[PDB]
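2 protein chains.
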Amino acid sequence: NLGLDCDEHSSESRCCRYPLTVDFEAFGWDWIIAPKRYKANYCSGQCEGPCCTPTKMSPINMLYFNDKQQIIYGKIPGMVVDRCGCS
Amino acid sequence: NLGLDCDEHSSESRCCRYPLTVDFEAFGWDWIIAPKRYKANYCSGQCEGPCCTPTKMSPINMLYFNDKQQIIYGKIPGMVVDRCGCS
Numbered sequence: 001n002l003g004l005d006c007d008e009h010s011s012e013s014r015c016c017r018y019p020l021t022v023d024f025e026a027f028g029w030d031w032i033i034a035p036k037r038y039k040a041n042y043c044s045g046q047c048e049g050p051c052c053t054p055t056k057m058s059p060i061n062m063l064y065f066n067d068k069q070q071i072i073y074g075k076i077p078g079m080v081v082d083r084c085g086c087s
Numbered sequence: 001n002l003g004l005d006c007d008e009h010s011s012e013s014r015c016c017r018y019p020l021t022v023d024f025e026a027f028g029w030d031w032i033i034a035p036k037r038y039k040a041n042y043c044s045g046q047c048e049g050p051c052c053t054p055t056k057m058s059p060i061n062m063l064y065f066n067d068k069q070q071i072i073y074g075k076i077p078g079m080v081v082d083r084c085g086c087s
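Listed in order, the protein sequences are those of chains A and B. Oh and the first sequence: position 31 is 31 in the working numbering, straight run, nothing missing. Oh and the second sequence: position 38 is 38 in the working numbering, straight run, nothing missing.
Source of the hints: derived by calculation from the structure; they are not laboratory data. Heads up, some of the hints might be wrong.
Identical copies go unnamed one by one, so any copy, or any two together, can satisfy a pair.
Stated by the list, open to error - Here are the simulated BS3-like pairs of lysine-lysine, each with C-alpha atoms no more than 30 Å apart in a straight line:
hint : residue 1 : residue 2
1    : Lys56     : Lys75
2    : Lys68     : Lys36
3    : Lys75     : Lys39
4    : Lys68     : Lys56
Build out the structure end to end from the sequences listed, making use of the hints.
What follows is the structure, given as structure tokens:
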């Protein structure tokens, strides 16, 4: 398979990956220590039914408080869109 | 500029980003606690300088020992190839 990577304001119409930064403190996800922000990206474009959606995801390593007075470092899956495709 | 994202054995001749897993444990980089391996990717393909090279990079968050008996969590830049292009 083949994926496409675009900038914002590109003229590509096909299903493409675009940049997007997620900001945990902006949503009040207070229990996260780091990172406070990260580039998650997102998918958009014509698939002409099938739609443009993540076909590959990658993890990020996070430092956060849990429910049990612990601080966790852990690899959290499914956090970054690595590729977009029609499905 | 538009980037392409390939699987291994894709048959694409153009400049494209391919998957690649870096394994710190395999190279004995013993000051790194986590992650022991991660998806860095790489760039390969024809550009008809111009050479197929990374054009966007992403960090990873790492846990490691330093020179001063300390354990460090930090955002390490330039660790993941996010986009490949001809330049």
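Quiz item: Using 30 Å as the alpha-carbon threshold, which applies to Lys68 and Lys56: within, between, both, or neither?
Solution: neither (32 Å within a copy, 38 Å between copies)
Practice problem: Pop the pair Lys75 and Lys39 into one bin, within, between, both or neither, using alpha-carbon distances up to 30 Å. | Solution: both (16 Å within a copy, 12 Å between copies)
Quiz item: How would you classify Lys68 and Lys36 at a CA-CA limit of 30 Å: within, between, both, or neither?
Solution: Cα proximity of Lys68 and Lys36: in one copy and across copies (21 Å, 26 Å).
Practice problem: Have a look at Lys56 and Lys75 and pick one of within, between, both or neither, based on CA distance no larger than 30 Å. | Solution: both (16 Å within a copy, 22 Å between copies)
Going down the numbered hints, you'll see the structure goes against just number 4.
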